[PDB]
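Student: Listed here are the chains, written in short residue letters.
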Amino acid sequence: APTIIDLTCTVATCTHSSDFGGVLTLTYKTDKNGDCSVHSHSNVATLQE
Amino acid sequence: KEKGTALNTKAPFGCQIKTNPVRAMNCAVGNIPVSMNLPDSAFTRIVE
Numbered sequence: 293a294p295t296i297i298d299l300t301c302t303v304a305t306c307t308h309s310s311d312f313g314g315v316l317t318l319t320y321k322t323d324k325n326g327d328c329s330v331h332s333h334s335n336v337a338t339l340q341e
Numbered sequence: 245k246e247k248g249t250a251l252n253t254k255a256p257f258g259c260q261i262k263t264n265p266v267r268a269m270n271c272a273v274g275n276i277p278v279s280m281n282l283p284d285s286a287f288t289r290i291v292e
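Line by line, the protein sequences give chains o and F.
FYI, the entry's author numbering numbers position 26 of the first sequence as 318, with every residue one higher than the one before it.
FYI, the entry's author numbering numbers position 1 of the second sequence as 245, with every residue one higher than the one before it.
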């Protein structure tokens, strides 16, 4: 699996609606391209994928 | 002979008088309120 260091999160827009209504952007630094498993550790927000 | 003046050359706000039917065209004053109603096909989803 690729390594990810220096990870920062920014939020572009938010709207507490029933559908998926917020956009999150991750800035990072990696050595090679691949796949990661995103997750949220609290039930306040639910990811889409 | 002695009618004196007119309105075409005296109207305020620079708006042209015409005739048949009488009207004052392009006559700048005031504000126009607009009330709209839009369908959901006009917007775009956030995702794209």
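Just so you know, these hints were derived from the structure itself, not from any lab.
Among the hints, erroneous ones may be present.
[To be verified] FRET-style restraints, in silico, Cβ to Cβ:
no.	chain 1	residue 1	chain 2	residue 2	range
1	o	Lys324	F	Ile290	24 to 32 angstroms
2	o	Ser310	F	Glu292	15 to 23 angstroms
3	F	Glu292	o	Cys301	19 to 27 angstroms
4	o	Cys301	F	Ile276	41 to 49 angstroms
Heads up, the beta-carbon is just placed ideally off N, CA and C, and yes, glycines get one too.
Student: Range hint 41 to 49 angstroms: satisfied by the CB atoms of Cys301(o) and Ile276(F)?
Tutor: holds (46 angstroms)
Student: Cβ-Cβ distance between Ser310(o) and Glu292(F): within 15 to 23 angstroms?
Tutor: Given about 19 angstroms between the Cβ atoms, the range holds.
Student: Regarding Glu292(F) and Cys301(o), is the given constraint of 19 to 27 angstroms on their beta-carbon distance met?
Tutor: Given about 22 angstroms between the Cβ atoms, the range holds.
Student: Quick check on a hinted range of 24 to 32 angstroms for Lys324(o) and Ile290(F), using CB atoms only.
Tutor: holds (31 angstroms)
Taken one by one, the earlier hints all hold for this structure without exception.
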